[PDB]
Amino acid sequence: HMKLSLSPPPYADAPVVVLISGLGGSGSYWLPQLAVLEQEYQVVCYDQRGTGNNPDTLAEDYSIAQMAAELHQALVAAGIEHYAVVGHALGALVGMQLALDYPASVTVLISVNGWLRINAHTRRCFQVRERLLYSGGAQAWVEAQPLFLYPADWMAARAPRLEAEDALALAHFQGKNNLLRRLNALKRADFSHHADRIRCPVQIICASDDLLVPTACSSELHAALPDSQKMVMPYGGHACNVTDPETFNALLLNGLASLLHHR
Amino acid sequence: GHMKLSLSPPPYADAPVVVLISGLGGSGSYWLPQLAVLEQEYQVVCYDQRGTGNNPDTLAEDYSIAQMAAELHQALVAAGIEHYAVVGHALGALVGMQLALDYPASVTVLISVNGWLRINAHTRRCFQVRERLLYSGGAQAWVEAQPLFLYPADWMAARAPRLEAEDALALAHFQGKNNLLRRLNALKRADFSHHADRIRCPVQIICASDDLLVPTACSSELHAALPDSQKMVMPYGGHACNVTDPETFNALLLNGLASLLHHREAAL
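Note that the protein sequences, when read in sequence, are chains B and A. Each residue of the first sequence is one higher than the last, beginning at 0 in the deposited numbering. Each residue of the second sequence is one higher than the last, beginning at -1 in the deposited numbering.
Everything labelled a hint here was simulated from the structure, so no lab data went into it. Even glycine gets a Cβ: it sits at the ideal position worked out from N, Cα and C. You may find that some hints are simply not true.
Here chain B is said to cover these stretches of chain A; the calculated rule only asks that three of the stretch's residues, wherever they fall, bring their Cβ under 8 Å from a Cβ of chain B [said to hold, decoys possible]:
1. 111 to 125
2. 128 to 137
3. 146 to 157
4. 165 to 179
Here chain B stands alone, though its shape is the one from the complex:
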């Protein structure tokens, strides 16, 4: 079913790296990582089901299990049976789910500002953001969204870009139904008792100034996982790969190479 964006391999049989975005679901989230990653890997990006170019009306029972299954089956269908996963936030949860359900496929896993189970803090954030959704629709959602993603100074020095992104986010808004189904799936994901079984090498990347997910979630992940390394960026926010790609990209390239080689 699901459309995937496969980059050209830089050389024969380059290892595959699948990039999994967070709640916005969009493959284009990873734009500032694509050039460096395509230099070494066959990169896969995609829009998650119910978002972007994979529109759908998501069902009531929609789960992270299903999200993993959808991506994994699309990959197998594209001829990809072994792959690395780099996941952002919700995308890290899908990555963990893939490492649990398809351990013969997932080579290594990178979690960017992910978590074992949703923190009270992140719930509080989503309670505020749901309130905006219900009272002010897509416009109010999009208005608040970057305040959870980017540092203030980063955003404030980039008004023309924020304006263009705010217009894009509203025009490509995934809709109330799918957002609420995906949020539900997000909140219910709980890997705290399954982290043992995630046996592939794992890199945990987080930013100290992430407003949406406290880095204590990454510390929790790191304590629970059998084979993980944790790197903390001092700044950059939840969307730390967007705001400081120079630091992020160096952690990602070294991390991927390290994890594939300890495997």
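Since chain B is already given, all that's left is putting chain A on it; use the hints.
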């Protein structure tokens, strides 16, 4: 006078006075983690802003920062305080600037904590979000969102029981829709960008790199525009950086007040 002020005892005869001016929540208790260190060297004044806390009132439609300064200033003169330092947080920093403009013979030195010259588009965006919550969900939804704009995530996440108790206090003391909206209007309209020349007293600018509500670019703007300022940037602590990392904040504040009062001795 009607406006209640909380005066600490002076530590010695004719100790310089330092007036602490809180941000939008208006509450003198905001400064609790600074009081012990400050009272050792200064006569400290704290207060609840009119329309908030223990100075309740229904604020009128034309309410402005000019009026806020007038209210605090008159209360100070009435308590026998004619020369005083101002430490202001956010909106409080704007009141402090206003006081430096309207009562230059009184304000000895000014410290701006995560203040600004005029409201940034980013801060407007933040307040627009928060206004939506106010209008759609009342005090409960306002208070629910509030700490997200004040504190780092990790600081908050490690302190759920404290946040819960502060949220209940904030709800029971909620300044009310009318006053909040009047004070926000006042806040947004304050514009010192053409008046910075007139702020002639020594100034310290303190900010936090991780302030979500006011980007530190505002403090950089203040620093470029003021005739006599120093700027210190804390690496972490958020908008409420005196609450979250008082050990760093207090050191900057105590050293700042001493440095500024020495500048003033040379400028006198």
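Status of the hints after comparison with the structure:
Coverage of the stretch 111 to 125 of chain A by chain B holds in this model, with 5 residues showing a Cβ closer than 8 Å to a Cβ of that chain against a need of three. Given a C-beta distance limit of less than 8 Å, the hint that chain B covers the stretch 128 to 137 of chain A holds, as 5 residues qualify and 3 suffice. Using a Cβ-Cβ cut-off of 8 Å, 7 residues of the stretch 146 to 157 of chain A lie near chain B, which meets the minimum of three, so the contact claim holds. Closer than 8 Å: that is the beta-carbon criterion, and the stretch 165 to 179 of chain A has 0 residues meeting it against chain B, so the requirement of 3 is violated.
Hint 4 alone, counting from the list given before, is not met by this structure.
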